[PDB]
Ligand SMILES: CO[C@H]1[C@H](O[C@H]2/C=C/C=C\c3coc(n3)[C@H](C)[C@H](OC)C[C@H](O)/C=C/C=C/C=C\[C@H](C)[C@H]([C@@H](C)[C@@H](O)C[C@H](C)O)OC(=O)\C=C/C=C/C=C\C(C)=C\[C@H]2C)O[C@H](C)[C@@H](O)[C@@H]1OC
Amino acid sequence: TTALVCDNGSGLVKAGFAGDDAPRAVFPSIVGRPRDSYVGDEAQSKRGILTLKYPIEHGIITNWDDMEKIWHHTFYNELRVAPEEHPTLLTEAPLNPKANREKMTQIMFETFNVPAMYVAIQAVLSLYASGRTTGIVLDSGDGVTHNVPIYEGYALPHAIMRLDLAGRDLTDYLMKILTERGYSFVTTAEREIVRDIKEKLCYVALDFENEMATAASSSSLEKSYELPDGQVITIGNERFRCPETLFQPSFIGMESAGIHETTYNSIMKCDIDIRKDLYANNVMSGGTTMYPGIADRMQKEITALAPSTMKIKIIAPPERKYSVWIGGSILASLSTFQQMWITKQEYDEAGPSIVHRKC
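Please write out the structure of this chain alone, matching the form solved in complex with this ligand.
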């Protein structure tokens, strides 16, 4: 009886088997219909004849009919399993409405007929993936970035910070500053190349101006990238200006504070007797935390805001692109967890509202 772990994101579904150290399936959270329907890589493959939709926006499920197709495709096509023989752990955004929790639970028991399920908060799973139950997570993915302070397994809802700026916006920005330079990147196919360039050559500068100032006076920070058609292109200060937007959101016209400031604000919204612990346990998760140098930069920026009495420590494990999923694979593997599952029998007597009492 293997447990399934499905982490649904705004951009990517990460799904697999409890016990594994990595998700077996990772594909786009997209459903396509013509001008019945296609999902994932095949919807992306046929994007030029389909209307694509993202059923999850800013980590929240907003299209339930399409969400059912993504789950159907995850179970039957990607993982190649029957949903009725496996306990299924799902994940959810911070500050995710109660209605969503019930609908999600309802669909899992009434439509997929799962033997048991549980829903966990994504940031809490990332913290668990780091070997901690207390700390503050920065979760930055494709559609949204969140700061989630957590005390002994429990997210502190009153102190959560949300920033509507993540990887999708960074790719759009890298594309826009590459044109400004003089490169051409027009088609949707070409956009996928820019996303690839961002994941391979972008990084976070320790000091932006010294980097920007060095960029003007030298060719030490240049890197080449081979396009699919053989042609080789050089990118210099776009590498570090691309992810600077996380720290300076005004780069794409947004008034809000940067990830260092939201982190500090989040910590100052919490009770004073736990702040020492939050500062010492800043955990980074999500794909948009993957830029080299991002831990050191955060370390520096928090240090400037925080009292110097505080030990600051940023934990950014190399597997953090999937640390929600890894957290879920760990949690669903534990024998102590096997009672925490909501069972089909419990659902059949309590209804969808059983999820608020057990999760």
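Residue numbers count along the first chain shown, from 1. Just so we're on the same page, rigid core means the largest C-alpha set that superposes within 1.5 Å between forms. What changes on going to the form solved without this ligand:
Comparing C-alpha positions between the two forms after a rigid core fit, one residue in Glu102, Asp169, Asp277, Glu211 moves 2 angstroms or more. It is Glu102.
Here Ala116 counts as shifted, since its C-alpha moves by at least 2 Å between the two forms after the core is aligned. With the core superposed, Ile342 shows a C-alpha displacement of at least 2 Å between the two forms.
Superposed on the core, the two forms differ at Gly230: its CA moves 2 Å or more between the two forms.
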The other form holds:
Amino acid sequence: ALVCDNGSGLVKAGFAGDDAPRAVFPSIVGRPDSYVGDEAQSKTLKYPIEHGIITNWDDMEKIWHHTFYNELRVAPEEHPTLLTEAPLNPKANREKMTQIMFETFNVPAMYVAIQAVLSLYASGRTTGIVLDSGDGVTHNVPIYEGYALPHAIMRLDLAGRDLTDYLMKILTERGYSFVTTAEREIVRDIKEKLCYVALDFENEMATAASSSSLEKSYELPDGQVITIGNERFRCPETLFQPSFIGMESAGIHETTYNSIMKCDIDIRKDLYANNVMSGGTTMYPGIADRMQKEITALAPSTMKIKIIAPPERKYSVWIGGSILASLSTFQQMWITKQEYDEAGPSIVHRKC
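Could I have the structure of this protein in the form solved without this ligand, to go alongside the form solved in complex with this ligand above?
There are no partners or other molecules in what follows, just the one chain.
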């Protein structure tokens, strides 16, 4: 079976039963008659997925064909294919993915799983609450015995690309100039290399104000060496206080809490003890300790709280897919070509 995890920024693709994706490449299509993903990267670019939701279907077909043919070297008509989706995904989109897989790619079998749920599986759990934060969107997804609890899911627009754009803004306020699309990629690299989550925002602002102890240098492609100081932790602080970029949302600690509070009292303790971090935007050093501190301050004083931050969490959605698609007991769960022929795209609602 194939496993394809389509993100707003990065596609992760490979074979069920493997420990890691074979291909990780940008979720882009480029035109000057069109180039896809890593081919487009080597050369106007469009992202077919926005905030985790597929919005350009023709370009999404290009991404999928590139995945099957170029990245995995397979004919999709010969492999059951597991795909992933956002924890909240419009009904019409679920049908269109299904329609395309059966009618365009002629897959023999298909299934679509919620991204955050797969990450939980990759951590060795069937119960817990996942914070999955990527390039385009963030969700909190409470999960009991393998199944997301849809009424308790929380969503934030805020994710990694917004964090990059904010780092550009505050570095520009410092006296640099980061405004172009190329500069966006440079600042993404700065973010990934040098940013971290402060345990206490104010305390670290004070250290940065009165000393150079938190400063790091970065050699730009153009040869200027810049210095990054409080920007290192101000950038990801936005996750905890979205008002830094004018967003009204609760921060990720409060959305975690709010999600747990919408669940049955009998499972809340299990959720609090199994907070699993997923996605590239959870990679900041310090994030687990900060989450622990913030959730402790919101939760009952008696509550046992644990934040799990798997080292492999850039790829845990994919790994979870690999685990699920290669389970013997999953064999009966696939949507078959016959089922699709009889029920149409609407089959996805009954089976996934």
